[PDB]
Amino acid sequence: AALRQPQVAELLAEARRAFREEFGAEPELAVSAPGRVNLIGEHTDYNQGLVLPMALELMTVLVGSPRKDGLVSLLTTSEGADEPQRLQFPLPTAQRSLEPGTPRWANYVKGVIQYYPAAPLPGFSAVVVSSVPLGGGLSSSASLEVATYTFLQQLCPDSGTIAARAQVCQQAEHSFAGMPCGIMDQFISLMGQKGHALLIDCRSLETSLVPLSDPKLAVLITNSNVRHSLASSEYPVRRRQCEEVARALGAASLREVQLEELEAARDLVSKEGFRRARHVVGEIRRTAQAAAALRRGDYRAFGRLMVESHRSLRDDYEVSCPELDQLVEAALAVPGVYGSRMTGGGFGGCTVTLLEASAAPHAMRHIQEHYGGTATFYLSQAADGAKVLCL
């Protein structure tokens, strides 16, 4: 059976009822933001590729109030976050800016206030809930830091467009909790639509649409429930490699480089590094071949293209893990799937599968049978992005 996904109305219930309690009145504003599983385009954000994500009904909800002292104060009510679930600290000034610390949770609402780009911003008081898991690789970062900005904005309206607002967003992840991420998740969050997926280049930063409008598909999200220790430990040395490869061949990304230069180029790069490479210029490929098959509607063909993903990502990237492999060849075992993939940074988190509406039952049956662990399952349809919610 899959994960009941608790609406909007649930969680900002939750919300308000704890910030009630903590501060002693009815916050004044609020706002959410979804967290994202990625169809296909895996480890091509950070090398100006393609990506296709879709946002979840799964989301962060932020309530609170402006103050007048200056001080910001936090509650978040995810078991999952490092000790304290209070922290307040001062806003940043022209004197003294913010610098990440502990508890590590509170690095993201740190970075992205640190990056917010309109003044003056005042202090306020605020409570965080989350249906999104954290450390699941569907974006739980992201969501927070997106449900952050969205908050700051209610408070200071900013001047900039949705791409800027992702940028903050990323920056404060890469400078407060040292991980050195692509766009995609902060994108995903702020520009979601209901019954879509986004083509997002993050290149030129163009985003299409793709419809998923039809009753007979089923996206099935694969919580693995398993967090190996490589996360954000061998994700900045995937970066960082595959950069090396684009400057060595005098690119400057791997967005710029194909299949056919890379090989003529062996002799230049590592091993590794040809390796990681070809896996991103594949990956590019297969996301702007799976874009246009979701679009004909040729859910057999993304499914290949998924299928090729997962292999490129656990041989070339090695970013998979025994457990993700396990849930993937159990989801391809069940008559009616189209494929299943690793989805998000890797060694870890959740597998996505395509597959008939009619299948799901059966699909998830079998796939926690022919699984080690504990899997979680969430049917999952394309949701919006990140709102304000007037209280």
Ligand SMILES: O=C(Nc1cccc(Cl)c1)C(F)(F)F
Contents of the next structure:
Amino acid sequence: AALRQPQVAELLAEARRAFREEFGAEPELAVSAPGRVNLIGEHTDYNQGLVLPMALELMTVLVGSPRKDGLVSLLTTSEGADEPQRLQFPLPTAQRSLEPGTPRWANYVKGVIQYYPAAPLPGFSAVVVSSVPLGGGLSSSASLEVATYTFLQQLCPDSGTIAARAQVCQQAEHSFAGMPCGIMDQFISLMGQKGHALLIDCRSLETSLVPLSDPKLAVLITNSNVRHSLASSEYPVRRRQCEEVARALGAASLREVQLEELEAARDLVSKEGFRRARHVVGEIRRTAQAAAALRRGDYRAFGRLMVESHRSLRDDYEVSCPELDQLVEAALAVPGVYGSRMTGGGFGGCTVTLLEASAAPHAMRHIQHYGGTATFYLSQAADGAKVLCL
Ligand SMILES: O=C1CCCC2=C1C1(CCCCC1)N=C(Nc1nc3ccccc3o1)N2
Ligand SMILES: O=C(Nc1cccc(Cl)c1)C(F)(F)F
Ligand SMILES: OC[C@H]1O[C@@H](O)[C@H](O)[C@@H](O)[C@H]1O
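Now show the form deposited with this ligand bound, given that the preceding structure was the form solved without this ligand.
Entire complex below, previous chain first.
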């Protein structure tokens, strides 16, 4: 009864309704980009490391039509969007470029338009909707960016690569949302495939599509329903930090650095710095293993590596919060659970629990033993960016 069933036919319906009511015509176009859960490989992406996200059935739909007047008209119905629900603005030019500001939800769309690599980009009308809980750790921002991107490609096809559209979305996040993220979230919103995880090499940008066939094993995403103050603020600090180590170690990134190399170099770098690279360099290894373990389909070693990932993110990288520790520590003591850990950037958001679908009704009865409000998603590994024509 705390479990938010996804309703994706309802999400598109809602979207179509609101559009015809707002603008006076049936929309021509529907796109979706999903939210994500990162199964293992946390704070590795910007250290050119490995990440094992899968796409969620939680998503962000644009529905909309091209305009002859060169201007953009956005209406959002997302519950937690900041006022106003509606912004219009001329397309950028050589002369004027878009500026981030108010409302913030509109900055991600603006961002993508501002860096969209193709021309001529005509003006549009769009309703924006989302079942991705906003600031809940499941990449609402990447779903909206990649949803925008996808809608723009129908207006003006790009002659480019997935990485290029990921980078464009990532630039919008940096410039327009002030969030210096890596490419896991964008990549996965773009490239996810139903019943697969997506093993992303963030040095080479080689990708692997890893079957999650087995219908026994499932994944419980548990929303902590907190986004602590230090989240916004401590992400860039971590990055700056990782940068200095590589700087001091004559290493083009932490990817190339391996743990035997860091152990020796305790004193080349800071004490703070050393306890954090231990996570990155280590993390990178356990994402490889989890990868190789998933192919072998040892649901068990999922745990060792996934529970170890939390410990490392909590004790070493310091991007957990009591609420996460108590959802993780609560899950990892339940028979019928391979393992649990904070997912995405931390200081709040969701845990992810690899468990036997048989014990789903027991875990959701047990957790909601949590000192806070728990929201539950039972996540099929899902499709990436989708167009449907109306
Ligand atoms: O303030 C923060 C902290 C960082 C994470 C986060 C936010 C806010 C920014 C905008 C207003 C609500 C809160 N928004 C997202 N929004 C994401 N917002 C959407 C709105 C409509 C459709 C799809 C969307 O995806 N993420
Ligand atoms: O993770 C899953 N299954 C899984 C199966 C075998 C080994 C491991 Cl580590 C995982 C998922 F996504 F299907 F639920
Ligand atoms: O694993 C940490 C991740 O945090 C996400 O929220 C961020 O957007 C990703 O780029 C990655 O840094």
